[PDB]
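Each chain, letter by letter, is given below.
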Amino acid sequence: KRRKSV
Amino acid sequence: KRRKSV
Amino acid sequence: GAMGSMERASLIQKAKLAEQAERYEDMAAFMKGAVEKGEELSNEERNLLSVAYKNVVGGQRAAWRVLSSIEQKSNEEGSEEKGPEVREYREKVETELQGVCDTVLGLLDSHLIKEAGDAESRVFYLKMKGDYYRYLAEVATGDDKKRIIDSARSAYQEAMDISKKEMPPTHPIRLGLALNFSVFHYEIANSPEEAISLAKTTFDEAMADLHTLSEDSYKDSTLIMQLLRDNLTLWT
Amino acid sequence: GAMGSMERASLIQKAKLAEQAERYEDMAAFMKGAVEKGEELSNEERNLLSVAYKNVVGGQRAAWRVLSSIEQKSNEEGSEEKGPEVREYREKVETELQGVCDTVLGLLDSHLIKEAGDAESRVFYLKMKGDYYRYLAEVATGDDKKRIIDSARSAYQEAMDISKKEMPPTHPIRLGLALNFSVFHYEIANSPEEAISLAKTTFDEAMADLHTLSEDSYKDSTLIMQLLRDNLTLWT
Ligand SMILES: C=CC(C)(C)OC[C@H]1O[C@H](O[C@@H]2C3=C([C@H](C)COC(C)=O)C[C@H](O)[C@]3(C)/C=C3/[C@@H](COC)CC[C@H]3[C@@H](C)[C@H]2O)[C@H](O)[C@@H](OC(C)=O)[C@@H]1O
Ligand SMILES: C=CC(C)(C)OC[C@H]1O[C@H](O[C@@H]2C3=C([C@H](C)COC(C)=O)C[C@H](O)[C@]3(C)/C=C3/[C@@H](COC)CC[C@H]3[C@@H](C)[C@H]2O)[C@H](O)[C@@H](OC(C)=O)[C@@H]1O
Ligand SMILES: [Ca+2]
Ligand SMILES: [Ca+2]
Ligand SMILES: [Cl-]
Ligand SMILES: [Cl-]
Ligand SMILES: [Mg+2]
Ligand SMILES: [Mg+2]
Ligand SMILES: [Mg+2]
Ligand SMILES: [Mg+2]
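Residue numbers (the deposited numbering), protein chains in the order written: chain P, 369 to 374; chain P', 369 to 374; chain A, -4 to 231; chain A', -4 to 231. A prime marks a further copy of an entry chain.
Within a straight-line C-alpha distance of at most 20 Å, the following computed PhoX-like cross-link-like pairs (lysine-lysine) qualify:
1) A:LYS68 x A:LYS87
2) A':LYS87 x A:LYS11
3) A:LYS49 x P':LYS372
4) A:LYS87 x A':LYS11
5) P':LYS372 x A:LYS195
What the hints contain is simulated information worked out from the structure, not anything from laboratory work.
Please take these sequences and the hints and turn them into a complete structure.
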């Protein structure tokens, strides 16, 4: 539900 | 799998 | 200090915020400051204190177990010598874990237990005293291991005596104390029969008392009762 | 100090042990000590550095968001005045988070980025510089917000320029940089079109390059590629 970062 | 404590 | 300048009610408020943020180290420091104000804690405040430290020490114990496992494998036949770092870092974590246990045991001794007169508070604090000595026993390997084990036993025993006299068999503090004293018997005191007997008897006596409870009490007694059943299933 | 007396190889060894124990704050301190030895880091060492700090700051950001949400509700019409504690504790967490970002940005500036000549290291460190300024931008509200945003943009941009010139479109560092620069556009720079365009183009160019890869490369490019697709699905 929360945007992904890496 | 590990015994429970609280 | 470092919490001495903060109002008691603010430390309590921040402990609850730290709980919601899962910032358990902050939560524990706020609750230590609250205890150091010198006033007794309420039921809700005792739960915040215990949750904060349970989580902090829980993370340290889980880490210690990971590092102890690594260390034990490095000591097996055919394992390559990797130097002192595993033992050093296990020791670092162990020392910090010991320090947290000593901090909690010092709060209990100065002066929570001595001012706790109602069974709900006295048994609660004595269970904590049992738990933090048990955590010390989990990592103890020296001259002192037996005395640490006996300190845990003595605290749990006094809690058990008061809880049996003063609390119904379904009371969640009584059930949690019995769960942890049973784990103490199984894995610290090398007494799996006693651990199983205690979990069984506890569970059975609680079952027979459930009829006295409201729907809400029934739910929270049965929750701890499930942890007793989980252990019985694991151990038998 | 405090890691100056420990051998470089021991700090690396302990960082890996701290990783296995999920002790990310220790892992970050060990890797900071390793960086402070003044030698360039290897690929594996760069990954340990970034994992350690990503996890530490990730926990602080998640906590900050919880406390910011509470704070924002306490500021709504009809909300009961509860005093300064929510804002104080959000500020406490914010300051610690800022301090971690400043620590990472200082390692990058003294002297990781200046000695990083290969694209794999240069792009990696510039992506980190973009990420830690972006985390500063997430909590910035003052005179400095625009300059912080521009610092993140500039670092990401230079990383993007080098990665496009020097790395295949499937390279995991190139794909992760593009994922995070796209998130920067969407939620920091108020440029959701640019975020979506960047994620799309990135994903599409990687798809067209997959045929060049071994089974193992294919798997790790496709992993980040899925995070790009996740964002595109969320945003469109
Ligand atoms: C949610 C966190 C806070 C606000 C800190 O409360 C912790 C919890 O506090 C109470 O639960 C206590 C309690 C726990 C309950 C078993 C949790 O129950 C549920 C349904 O979530 C675990 C907690 O660690 C806590 C405080 C600890 C103890 C333990 C302490 O030994 C020193 C003895 C057994 C157990 C007792 C004190 C439980 O009463 C409540 O009765 C729980 O609420 C409900 C609806 O069951 C609440 O989640
Ligand atoms: C397992 C932990 C350690 C040992 C620290 O390694 C972290 C990971 O390190 C490498 O993965 C990196 C990497 C990540 C991979 C996406 C994880 O992939 C898998 C399959 O688990 C996430 C990590 O945070 C890390 C180091 C970070 C970055 C990111 C750093 O920006 C400054 C850019 C994208 C990504 C790159 C550098 C990835 O190559 C490896 O290629 C991963 O291994 C495999 C089989 O994919 C391994 O899990
Ligand atoms: Ca607790
Ligand atoms: Ca990382
Ligand atoms: Cl160490
Ligand atoms: Cl605060
Ligand atoms: Mg006062
Ligand atoms: Mg009293
Ligand atoms: Mg040396
Ligand atoms: Mg160089």
